[PDB]
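S.K.: Given only the sequences and the hints, what does the whole structure look like? Please build it.
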Amino acid sequence: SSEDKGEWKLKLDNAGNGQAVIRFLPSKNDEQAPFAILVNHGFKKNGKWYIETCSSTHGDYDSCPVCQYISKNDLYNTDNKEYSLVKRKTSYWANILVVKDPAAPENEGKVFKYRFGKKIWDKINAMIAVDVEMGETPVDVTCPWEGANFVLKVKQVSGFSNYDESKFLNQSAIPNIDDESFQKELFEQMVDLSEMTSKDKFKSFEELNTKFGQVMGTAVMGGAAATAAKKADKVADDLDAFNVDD
Amino acid sequence: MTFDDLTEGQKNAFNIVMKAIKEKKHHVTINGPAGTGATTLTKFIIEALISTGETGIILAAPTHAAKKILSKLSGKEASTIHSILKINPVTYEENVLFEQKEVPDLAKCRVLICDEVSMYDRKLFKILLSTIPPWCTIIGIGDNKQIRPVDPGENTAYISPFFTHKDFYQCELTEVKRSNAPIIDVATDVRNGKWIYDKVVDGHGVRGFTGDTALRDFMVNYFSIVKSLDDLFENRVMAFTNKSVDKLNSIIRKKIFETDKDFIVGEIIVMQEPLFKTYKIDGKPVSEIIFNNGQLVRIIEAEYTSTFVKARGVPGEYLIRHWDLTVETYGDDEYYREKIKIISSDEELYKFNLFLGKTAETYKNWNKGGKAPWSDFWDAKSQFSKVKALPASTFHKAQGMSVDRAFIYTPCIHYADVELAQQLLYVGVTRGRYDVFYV
DNA sequence: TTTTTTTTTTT
Ligand SMILES: [Zn+2]
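Residue numbers (PDB author numbering), protein chains in the order written: chain A, 24 to 269; chain C, 1 to 439.
Read the hints as simulated data drawn from the structure, not as lab findings. For every residue, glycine included, the Cβ atom is placed at its ideal position computed from N, Cα and C. Just so you know, not all the hints are guaranteed correct.
Calculated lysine to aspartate or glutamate pairs in the EDC-like style (CA-CA distance at most 16 Å, straight line) [claimed, not checked]:
no. : chain 1 : residue 1 : chain 2 : residue 2
1   : A       : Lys234    : C       : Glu419
2   : C       : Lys243    : A       : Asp260
3   : C       : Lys243    : A       : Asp263
4   : A       : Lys257    : C       : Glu154
5   : A       : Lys234    : C       : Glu154
6   : C       : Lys247    : A       : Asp268
7   : C       : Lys247    : A       : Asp261
8   : A       : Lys254    : C       : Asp212
9   : C       : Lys247    : A       : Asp269
10  : A       : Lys71     : C       : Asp217
Heads up, incomplete: computed chain A residues facing chain C, CB under 8 Å, no partners named [said to hold, decoys possible]:
no. : residue
11  : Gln237
12  : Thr241
13  : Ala248
14  : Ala252
15  : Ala255
16  : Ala259
M.R.: Structure, rendered in structure tokens:
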């Protein structure tokens, strides 16, 4: 699951499908920190793994060895297949107040943290920004009087969670909004994501450099041994062919 | 002889070497690379020490083969660390570790000489210090570019505390920077971190093989150099995985002598573990070591047979097909004529591992009374060792082995850490004393 | 994020 780490996730059906109804949380601190955006390069190779953050999240392309090696070789076109395997992944995080969850009725009426993907962020951006001409003025889902809850619906297509069907709803007042204690009761359920944004990011670039080195060898721009990594692929297959040559 | 008359790095170390004895008590490790000639400098410190008459030194080599050639060239006898420290195993079900019987005082040993100090592991490291007395002074030789030990339980930087600043101050060795040697200057670049490049003098040097058919071309070049020569003592091919080596010995065996055999009579093989002649004794039998790990041996007779194994508490005996090869001592060690049972089938090997697990399932919680038949555990477990043919060994298992010509196979290395890949290199390059080819 | 998706090597 995910709840033990403190983050809610969906109880997937046999098809992997799932429906749930939740309301969001505004900004934990005043005039700042409504939400969060996480960047993480994630890949698996040689059985070795890498799942850690990126400092280019705050624009520091330099304090990340996974960022630098791209710019030296421009893998985006130099080796785009290798580029996609390792490229930075953008994670969006927010607090959530659950309303209805038939997959797990215990999850209802409670608040969590959560990470999602970018299409929703465009739709979140598409929902929040509306013109004045379409009568419907823009709406904040976290607004106490104007905000809206939203229902997530996902099906699997070729092993991918698809969300193209998602639709939003009207505004909604939140019941018991005039009680400080009911607010406080839920307010402690709110957590501050800005703490995750402070100086928690690894300052030691050389430490990150060491771990991938243990994860994988080769790939040195000034060393140019990465060509030998290109070359190594041929030899294993060449080894297979020479085995029957016996 | 020449006595005090060498280079600054050679002169500086010995004076500091004396200082550790002379100034307070201190322990030092030296990062001598190859070619820097700290072995030649060590020869003098051998000579200089005899005039003082100190016997507190002990000649220690971590491996038997390094101790053998150390004793052979120097002429002075050296002992194994397992004898020096009486490390005795402890039979448990989950894990098992050789363990020193007691902390000795090491009174007669007032100075300590060690080799290949990178190899000794950190968990063992803490135990040894208490065993070591203050008056004894520790002298260590090793390369930071030498290969580190493998710890399945912990994957970390794990630099040998010999190489960690807090334990004690030490000094590195300078090197004859320039010389008319292509490989070492390439090896200098190898220690620097440049990728391998071919450099040749008089037709001999570092040589590369490139292109689509490079391997087959390198293979015919491999075939060209080797031919049907039965003397590979100076021809050592090295690869990391034993998977690759297994397919090699399969193919390679058929090449030199015209037989399709997994193993044929008359083959030369090397131990992968020491050979103990175990006797049943209270506590732990220290047994008698017959063949050391790394000992070369000549096969006397070769045959593939089967043997039924029966465990008390397990009904009946269980047949396992293996190789029953008889082998004799090859080398300068004590001569012994022996015969071993050895399994060389993946089908049988997984069959072998399964028996252990049922025996593991039953022995960990046995209670029909009594204790447990573990005398039939090791007697059945120790009947078979694991050894591999001479031509190829792992870069781990090729360390120390100085041969004339080395052929190098790189591709499987990417699963290893970067620093290890360079430490394999240094060690790998140092295996070829005369020449090296690289594909 | 659907999930730490490969090695052997020491007494
Ligand atoms: Zn990055």
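S.K.: The structure should be examined with respect to each hint, and the outcome stated for every one.
M.R.: Quick rundown of the hints versus the structure:
no.	hint	result
1	A:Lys234 with C:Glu419	holds, 11 Å
2	C:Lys243 with A:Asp260	holds, 14 Å
3	C:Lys243 with A:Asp263	holds, 12 Å
4	A:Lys257 with C:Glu154	violated, 33 Å
5	A:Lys234 with C:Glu154	holds, 14 Å
6	C:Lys247 with A:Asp268	holds, 12 Å
7	C:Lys247 with A:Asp261	holds, 13 Å
8	A:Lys254 with C:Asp212	holds, 9 Å
9	C:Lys247 with A:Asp269	holds, 10 Å
10	A:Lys71 with C:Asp217	violated, 33 Å
11	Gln237	holds, 4 Å
12	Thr241	holds, 6 Å
13	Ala248	holds, 4 Å
14	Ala252	holds, 7 Å
15	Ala255	holds, 4 Å
16	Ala259	holds, 6 Å
When each numbered hint is compared with the structure, violations occur for hints 4, 10.
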